[PDB]
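Trainee: The residues making up each chain are set out below.
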Amino acid sequence: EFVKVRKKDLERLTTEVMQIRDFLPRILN
Amino acid sequence: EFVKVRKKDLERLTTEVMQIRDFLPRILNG
Amino acid sequence: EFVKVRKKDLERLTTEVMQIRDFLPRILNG
Amino acid sequence: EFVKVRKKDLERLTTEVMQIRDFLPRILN
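Protein chains in written order, with the UniProt record's numbering: chain A, 19 to 47; chain B, 19 to 48; chain C, 19 to 48; chain D, 19 to 47.
A couple of the hints might just be wrong.
Said to hold, decoys possible - Computed Cβ-Cβ distance ranges for the label pairs, DEER-style:
1) B:27 to D:19: 36 to 46 Å
2) A:26 to C:20: 36 to 46 Å
3) C:26 to D:30: 17 to 27 Å
4) C:48 to D:39: 35 to 45 Å
5) A:29 to D:22: 29 to 39 Å
6) B:44 to A:20: 17 to 27 Å
7) C:26 to B:43: 11 to 21 Å
8) B:46 to A:37: 11 to 21 Å
9) D:43 to B:37: 12 to 22 Å
10) D:19 to B:22: 38 to 48 Å
11) C:40 to B:44: 15 to 25 Å
12) C:22 to B:43: 15 to 25 Å
13) D:46 to C:22: 34 to 44 Å
14) B:20 to D:24: 33 to 43 Å
I should point out that these hints are in silico values taken from the structure, not numbers from a laboratory. From the three backbone atoms N, C-alpha and C, an ideal C-beta is built for every residue, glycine too.
Required output: the full structure, derived from the provided sequences and hints.
Mentor: Dropping the structure here:
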């Protein structure tokens, strides 16, 4: 099965994930 | 614009997001 | 081992996690 | 205020975040 997903929603989610990915190192150190 | 995503990939993504979500009590409880 | 984290950083982290969590309906609804 | 957080919990969360960060590009393309 395939689901249509808005490209801009995946891009916004990617940005949010990237933001957490770059924030956690600061917390860990 | 829409991207055609495999339902199994969205199911994996959902599960990964839920695992992060359900880490919050452990992180916040001290 | 424990890391001393600023409460404001955990609050930011929590909010970031919740934003990702609350994206799931939009991603899954088609 | 400071909160004590288990280092291994932040490391596990980092791993989970990194896994999503590397998975979303595959979905987006």
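Trainee: Work down the list of hints and note, for each, if the structure agrees.
Mentor: Here's how the hints hold up against the structure:
1. B:27 to D:19: 36 to 46 Å: Between residue 27 of chain B and residue 19 of chain D, where Cβ atoms are some 40 Å apart, the hint holds.
2. A:26 to C:20: 36 to 46 Å: Roughly 40 Å apart at Cβ, these two residues keep to the hinted range, so it holds.
3. C:26 to D:30: 17 to 27 Å: holds (22 Å)
4. C:48 to D:39: 35 to 45 Å: Since residue 48 of chain C and residue 39 of chain D have Cβ atoms about 24 Å apart, the given range 35 to 45 Å is violated.
5. A:29 to D:22: 29 to 39 Å: Roughly 36 Å apart at Cβ, these two residues keep to the hinted range, so it holds.
6. B:44 to A:20: 17 to 27 Å: violated (35 Å)
7. C:26 to B:43: 11 to 21 Å: Given a distance of about 19 Å, which is inside 11 to 21 Å, the answer is holds.
8. B:46 to A:37: 11 to 21 Å: holds (19 Å)
9. D:43 to B:37: 12 to 22 Å: Between residue 43 of chain D and residue 37 of chain B, where Cβ atoms are some 19 Å apart, the hint holds.
10. D:19 to B:22: 38 to 48 Å: holds (47 Å)
11. C:40 to B:44: 15 to 25 Å: With a Cβ separation near 20 Å, residue 40 of chain C and residue 44 of chain B satisfy 15 to 25 Å, so the hint holds.
12. C:22 to B:43: 15 to 25 Å: holds (19 Å)
13. D:46 to C:22: 34 to 44 Å: holds (37 Å)
14. B:20 to D:24: 33 to 43 Å: holds (41 Å)
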